[PDB]
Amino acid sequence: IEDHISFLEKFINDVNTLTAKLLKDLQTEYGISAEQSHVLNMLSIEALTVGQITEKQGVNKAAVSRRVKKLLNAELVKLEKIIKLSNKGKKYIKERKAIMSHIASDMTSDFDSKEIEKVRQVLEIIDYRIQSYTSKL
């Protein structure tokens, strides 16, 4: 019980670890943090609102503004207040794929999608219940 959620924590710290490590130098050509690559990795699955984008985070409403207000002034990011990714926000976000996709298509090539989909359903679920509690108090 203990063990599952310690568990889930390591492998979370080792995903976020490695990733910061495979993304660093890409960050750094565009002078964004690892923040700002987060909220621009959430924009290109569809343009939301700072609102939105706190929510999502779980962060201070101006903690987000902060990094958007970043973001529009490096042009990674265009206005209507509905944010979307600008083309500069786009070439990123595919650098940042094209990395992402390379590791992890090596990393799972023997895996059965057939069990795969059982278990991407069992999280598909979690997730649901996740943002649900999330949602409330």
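Residue numbers count along the first chain shown, from 1. First, how it differs from the form deposited in another entry.
- Hinge residue among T49, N73, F111, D25 for the rigid-body motion between the two forms: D25.
Switch from the form deposited in one PDB entry to the form deposited in another entry and give that structure.
Single chain only below; no partners, no other molecules.
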């Protein structure tokens, strides 16, 4: 009830702890820092400004800047202007989705796509609401 908030916090912590570990090598192979990939996956969504990324993240603006340039030095992301992803950066995101999808299947081998449908409908609606709140200050 405010216990769901905690669970949700724990659930997220776990996904990060897992995704981190699952993506270690690939990040090494790319030269990437964890916080850098999360920017790449953050842009995997479209294109954002360095303030947007800092404001959607909540870390020191300088740090976001230090990671945004390193991605342009590595040709992982390009510019419009705004900051898009480069193809090099895409094959990455693509190599990520592939590792994610392999494990997600194990853990969801025995589910009911109908069970899942309703649950997702409830989330898209919560997601919709979270976004509206965010825009207003």
